[PDB]
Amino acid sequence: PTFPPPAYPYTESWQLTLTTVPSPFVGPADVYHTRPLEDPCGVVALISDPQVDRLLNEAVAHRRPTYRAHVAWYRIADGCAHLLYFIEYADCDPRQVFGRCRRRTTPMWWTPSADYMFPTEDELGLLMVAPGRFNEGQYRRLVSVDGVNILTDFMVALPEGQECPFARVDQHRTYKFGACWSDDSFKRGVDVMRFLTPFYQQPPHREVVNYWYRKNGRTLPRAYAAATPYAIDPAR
């Protein structure tokens, strides 16, 4: 294992430059498939390298001392998207790992999902812990650096008749996924804080979900295999 890296000071705010959620429909998205669970109470890894390092390298090549960024996730439905996650970064260091920034917002979450979903350590993936089957679907990631957008789709397939006995299904029954927004709605403006809720940064978020997982007798994996461009064990 490794010790935690050294801390660096940053300013946390509710918002930075964006008050509305960026449209997820700004371009085409490469498609990946999350790896099937070995058992229903396992962890789904929405992980795939966005190759955002290219954009940081460009900042260095043009001798720009900082970069700006944001990350958003969405559930894609027919003709519209449900909100899921949004965070913004400013005064970021292009010679450090993504997200090493002097300014960042609180992550903004769809709270029912935040009960069992949280970002990966590098902040560019999501982990989905012991999901109810209702979580099946198409998850889009937006990674943006200096106004350049990278889009990635993650297909989450969960077999019919398989569900974790302690899956979080209570909040979904009450709140579901929230409203669904078309491209034209994103263009007119969907207010971030109107529909999403400020939340913990990734490390305490991970540990809050981990506490629930461990209380139910399960241990988070030490590593997570990336989503693949092909489907593994596809159904019907």
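Positions refer to the first chain, counted from 1. Take the two forms, superpose them, and find the largest set of C-alpha atoms that agree within 1.5 Å; that set is the rigid core. Residues that one form lacks are left out of the comparison. First, how it differs from the form solved in complex with its partner chain.
Every Cα shifting by 2 Å or more, across three or more consecutive residues, marks a moved region; comparing between these two forms on the rigid core, the sole such region is 1 to 8.
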Contents of the next structure:
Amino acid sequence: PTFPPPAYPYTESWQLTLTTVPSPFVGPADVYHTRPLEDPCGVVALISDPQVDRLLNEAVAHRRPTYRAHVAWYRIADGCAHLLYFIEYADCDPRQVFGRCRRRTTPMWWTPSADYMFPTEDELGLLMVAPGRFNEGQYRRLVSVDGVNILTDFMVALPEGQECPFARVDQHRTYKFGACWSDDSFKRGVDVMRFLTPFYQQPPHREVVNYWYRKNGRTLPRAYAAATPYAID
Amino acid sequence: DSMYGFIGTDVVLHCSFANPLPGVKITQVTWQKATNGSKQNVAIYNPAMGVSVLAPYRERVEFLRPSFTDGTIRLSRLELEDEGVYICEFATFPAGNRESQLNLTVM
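What would the structure be for the form solved in complex with its partner chain, given that what you showed me was the form deposited without its partner chain?
First the chain shown before, then all remaining chains and molecules of the complex.
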């Protein structure tokens, strides 16, 4: 597997304007449900358009040459959130698809989950490869364009019974989901690189998850069915 | 691996990566302490953007020579609270995250 080149040119750094994780408790959130797994060794598609291109059309409407942005994912427990993902953008072109930015940070991941989860090609959805049952729970995505936030909650359900025989379950035993934070703690400031660690951009992240998956007999699906506003079964 | 250090003193923590096969790129090294229930990161090195040291270690932790053939930092002025497991996490391609561990005892 060759190391993927960047997609487009961009200056890559560890940080831009934000040194602390933005709060996910920043308003109500539209609820979606990931579609059920055919078999527990499959892939779960936390996918759902946040209709962020409107905010890109307005930036062209008001004639702003660039927009800034950031995306973050969270695991919601009880009154509090676990970190999962964060990435920041700067000088993005509103006339292009989301993410086409001259300045971006390396994604910051919670590494145990990075072993079998990785972003989609549009950078707005997540893919959960062959998950153990413990991955059940509520996942919140924060999309922010020019200070304006779009929250989505994804509820992930998996069959009781069968757990995929090669699911990554080792790190979880030891570290689990990591520290659980309240809106207070977010306000005080939860350092991005203290609790999240820099990783590969979406293309090389994909090749590593793909390389592990293959090594277990499976292969990444070509396309993924988005999440629904309702439960199935 | 087990290491021993004395208070007020300094210890040199090593990164124990074994044999990096052909043809894995080693992209990154992250130092991590297991505390309270999970990890938090202590310091990170990446030839791409260099070196970062995180609170509360901002004035006690420093890389020696920045490399994966090393991975070696210096803890200064040891404290009871430093005892514990230190993880050395390596971001390799295409193998993914590879880690090693050491127990520190402060006497």
